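Using the sequences and the hints given, assemble the complete structure.
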Amino acid sequence: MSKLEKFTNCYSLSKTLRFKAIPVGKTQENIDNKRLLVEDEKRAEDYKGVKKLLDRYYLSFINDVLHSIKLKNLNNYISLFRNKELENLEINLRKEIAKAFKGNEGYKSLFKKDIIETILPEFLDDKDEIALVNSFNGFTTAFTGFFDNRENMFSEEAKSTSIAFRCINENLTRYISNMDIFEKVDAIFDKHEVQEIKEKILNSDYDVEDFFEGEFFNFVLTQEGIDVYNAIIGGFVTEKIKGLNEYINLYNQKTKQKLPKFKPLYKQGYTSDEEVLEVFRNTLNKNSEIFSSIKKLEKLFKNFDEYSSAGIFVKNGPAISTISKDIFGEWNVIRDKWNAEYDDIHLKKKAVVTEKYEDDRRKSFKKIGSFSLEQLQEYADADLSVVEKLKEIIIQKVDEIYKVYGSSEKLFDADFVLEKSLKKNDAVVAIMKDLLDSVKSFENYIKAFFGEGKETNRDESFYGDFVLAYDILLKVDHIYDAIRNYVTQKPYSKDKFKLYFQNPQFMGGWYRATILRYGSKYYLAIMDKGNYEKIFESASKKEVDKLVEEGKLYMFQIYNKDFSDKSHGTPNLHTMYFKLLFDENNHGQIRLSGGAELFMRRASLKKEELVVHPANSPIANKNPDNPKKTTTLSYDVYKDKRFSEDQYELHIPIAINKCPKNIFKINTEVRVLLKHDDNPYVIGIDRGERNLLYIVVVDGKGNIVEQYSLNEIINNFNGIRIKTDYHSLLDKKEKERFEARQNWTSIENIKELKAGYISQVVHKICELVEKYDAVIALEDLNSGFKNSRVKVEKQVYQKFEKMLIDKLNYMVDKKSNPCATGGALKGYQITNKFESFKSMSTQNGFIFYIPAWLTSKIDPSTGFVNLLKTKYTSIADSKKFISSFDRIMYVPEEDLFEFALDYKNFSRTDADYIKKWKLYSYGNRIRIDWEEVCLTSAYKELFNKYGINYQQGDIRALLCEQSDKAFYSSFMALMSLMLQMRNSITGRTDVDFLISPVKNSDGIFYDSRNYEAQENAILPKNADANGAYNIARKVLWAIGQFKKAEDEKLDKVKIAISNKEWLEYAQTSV
Amino acid sequence: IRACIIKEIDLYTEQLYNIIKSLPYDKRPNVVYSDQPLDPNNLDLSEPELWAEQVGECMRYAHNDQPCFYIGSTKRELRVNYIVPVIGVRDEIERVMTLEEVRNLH
Amino acid sequence: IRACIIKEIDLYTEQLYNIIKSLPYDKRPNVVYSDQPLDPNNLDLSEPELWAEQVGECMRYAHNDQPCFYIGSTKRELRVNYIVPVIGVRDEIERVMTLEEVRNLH
RNA sequence: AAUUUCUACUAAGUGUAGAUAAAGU
Ligand SMILES: [Mg+2]
Ligand SMILES: [Mg+2]
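Chains as they are written, first to last, in the authors' numbering: chain A, 1 to 82, 91 to 246, 250 to 279, 293 to 534, 542 to 560, 576 to 581, 682 to 1074, 1085 to 1226; chain C, 128 to 233; chain G, 128 to 233.
Keep in mind that the hints were calculated from the coordinates and are not lab data.
Subject to a maximum C-alpha distance of 27 Å in a straight line, what follows is the list of computed DSSO-like cross-link-like pairs (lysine-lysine):
id, chain 1, residue 1, chain 2, residue 2
1, A, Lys775, C, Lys202
2, A, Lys774, C, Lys154
3, A, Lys910, C, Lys202
4, A, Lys520, A, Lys725
5, A, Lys52, A, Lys167
6, C, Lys202, A, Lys869
7, C, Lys202, A, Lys879
8, A, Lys457, C, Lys202
9, C, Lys202, A, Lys447
10, A, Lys785, C, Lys154
11, C, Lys154, A, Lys879
12, A, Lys785, C, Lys202
13, C, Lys202, A, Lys881
14, C, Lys154, A, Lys775
15, C, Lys134, A, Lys444
16, A, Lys326, A, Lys471
17, C, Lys202, A, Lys20
18, A, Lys932, A, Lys1017
19, A, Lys847, A, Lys6
20, A, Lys448, C, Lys134
21, A, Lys775, G, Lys148
22, A, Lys948, C, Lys202
23, A, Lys774, C, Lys202
24, A, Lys787, C, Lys202
25, A, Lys444, C, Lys202
26, A, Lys940, C, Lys202
27, G, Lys148, A, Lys774
28, C, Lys202, A, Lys448
29, A, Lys415, A, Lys464
30, C, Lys202, A, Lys897
31, C, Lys202, A, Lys514
32, A, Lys1096, A, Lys1062
33, A, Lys945, C, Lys202
34, C, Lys154, A, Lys768
35, A, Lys391, A, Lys373
36, A, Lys520, C, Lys202
37, A, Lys897, C, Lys154
38, C, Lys202, A, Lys753
39, C, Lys154, A, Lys869
40, C, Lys202, A, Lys752
Below you can see the structure in the form of structure tokens.
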């Protein structure tokens, strides 16, 4: 009556097993004597040519259909633009455009065989490239993806990469702003002046003002229209003709007034160290487009005060936190000023601050588009000008850019020659990375001042110049990505090309392809234009080998290191899948659906570069936790031997559970089974600071069944058992990164090491799940933060959750019998298919996503949590704090200090349930540069040092009489570190205990150091065990909620546990 | 003089390979690496190209059996041909160890 | 020319030491031994002083860490400083093996 | 440090443990 046994054969799934084909007999010279590997390499090299030709034809078709188009909704847009009556109209406009595209009499051919067969061999009419467009005759399928991606531009889904979005959302806005700027900047002009020469030289037929009319936007839809408009804007040689922006500059230089300039419309990997370095020299030299953009932005931001502060803006997001950090002290000052001004309006005279109120305030804030500079000036203080600080910090960033340029004079001079390769040279890559990092930091910083765009009173005098400079600067992103992907590049390469064998319909079924097998060897026989086993009519090995010798057959051998004869351990998972394709216990579970694909990878490493471990010489072992410290092999060990030869890869698709029968909803069945179960286990996972991942398995009543670190992955084999400490490997990699000149390669190495680690943790968690029939408990990554000491960051943790979803779609035990429940043929399907990183929330089959609020700084034996705000601000606030306690006295029996508080008298303490806590000065706390402090002795020291008796009792009144400014500072300091539960020495010393200042019903304070020296412990051993324990107890609360509801209202039960309910549960469960 | 200098540079790096091949990876020294022969008898610091990092694996070239050393991790693919042990962490190099101070490591 | 010749002779004998140190004693080659440096690139037979015997132990001099080889048994106390592997049993020497034909032995 | 491919290896000697949905953009 187990839970998992019902979640097999649920839904369908698909995978591709990749193998390596080995030519058998004289197949390779029979292939080389027909040159069946040069037609296909030529086709793989002509793919890009035909791609460019199809792009050119697409551009011709686009400029054709964009000629026969005139909108009827554009005048309404311009009339209503200069919050919901406009978006319907703009989506109507995009739908009109998309219908004009999809309404032509030729759009049908654009993504089918006709565009290669008839159209493109006619639109071109060049005997050189008609050869190209005729080579791909019958191979239309080779473009299936290209077409399926080259049609998302002719659509209207408004994603960042589409023609409609470009023409409307990014162009019409600039056109309307240009109409405004032309209406404003006029009457400085004459036909005798440069106006008539503009018209004559660039248009020659109609007036120039016609390009600032409203319904003439249905002229800049075509790329040539954009070109002529940007010509009359900026200036277009035929005689260098000046444009409107520099006529404005000429006016603003004649007399001094910052008059706005127009905005131009939009326009709808490297392979050698010398190419990379010359691209660097070209795009980033001291007279390039980018350095000139930097100089222009410098002159602007140093001329930053002659622009009206009410017109500038700053976008709302991470930019606001960074701006507050750089201006208003630290992270959250702007946010708290906005919260103060929001309470002064939407909060009564009462202290009723509720989590729903705080959440609606947070939502209202996060929905604010952007903040002006006058607003951010009101939030400031006396004699602090926000524009001066922004100007000075931007000038500091610019001067740092200039300093790095002055430190990098050498990479620009023509005499420079490369001594070493770029991937092995790290001085020049350090220079390039430092420059790119500084420039991209500046680019990402000044990205804030583009404050949401959609707003009324933008100071166009500033934003003209700003966007003029910034639209050239943001090319550093592509340059950075290209250079980085070039440097972090393996010395080998996995570039391959599919082989067709003069047959468009090749291998697409089970065609001229079959999978033979002989003994324990499986063969792929490809007909051209002993006893085996066909896949079951037999053959004769003699005549099939005769065919192989003749040439009528192309027998490859399917092979991976598990088909070898010297392999004795456990086979790979996909090897087991493949071997099961042809098994008897396999009825229809894993079947051969679709057609295979035979690729071909050429040798990338020259045999002069091959490096080897010489035979009969002791090799050092890299695993510190290995007993055997050396190894002596009787043969050679080549490094990357697989990439030093040609290899025929083979991709075979498989469809698991093609004809399912146990079809139902997985989530509701999980809820029903968790309800009807009397003791459901739960595996809580939490990201620690000293541990990569930490597991705590908790039964259906809150009792810890297991708790251990996932620091070391344990591989079992042959009965032996060897451990690997991935935390030490990660520390070694981080130390190496600290030593290296540049850390482009180190970061990729760390990412791939973490990916491998989570690939091991996936199996760990699966074998934990199929041992207790437990239910997993993961942090909800959408809402929350981890304070920068957690090793596993959010990206790799998101990849870990994705890997767990993709594994739990079909969970297999390799060691188990295949036909047995849990084996490869009957694997558990206890999770739905992955959809997106945003839908990973609140449930996924056997996976519950849980917010990580109040999980690590909470006493796991009493539920206590420090909800106070013990930060020193002034004498009055600390006096009110001290006067808010119900009693503060010295208990002489225990030699402690009791602080009898009451959470009712304190602000923002509504989540709590047992409002009357009594917390002492028990134990020692580690403050932060770290220093250990015994609390009671520190209190006695402070009291005696400032002349204060404490044996009296209720010394609250005796304590709020101190006139000294530093007394209350020290007092609130050690009162803040008294409520510090998670203590840890910074300098990596593994002391991460977790003490609590309150005592439980039995009268003993929880101290983790009493449980770390134990196995089979009932309470968490440290803060991370506490996090996992609480993340499990939240799912236990959700299970209890399921038990409260009926068997039809289960689907609606909300399980997003709120702070009130969570603290209530944690404080009454005991 | 150039022929004898290269011979000395190679005999020294062959001895260094034979020595360093047996130390456990956590004991390997910090070295200064390059592709042109390195001469410890004349090697002078303060050159803006010397960076002290730690040796990794020690393998042999398959075509002419020349020893090569992987600086840092093998997965970093920073394979060099000539190294020299130093007492240093960064551009602040103190001194050059000898063929016996590397044997004392283990 | 004499300095480079001695350097080559010593690098070759150091490699020979590092190789022969690991073979089991029953596989050791037959060699031609002497106390002056031996140059395999020019070594010509028919000299009435070359006797092919089998290497024994391989130890290091305590004062300058120079490799020395015991020809025959260690108990024979025929310790030499420079050897060269040959295919021979007596004054009838056939040819001179190379630094890889000695590695193929085990 | 060998791999269909990835990570950590050498894991008892031409491999070990786990994972792996490919193509195209
Ligand atoms: Mg295996
Ligand atoms: Mg590896």
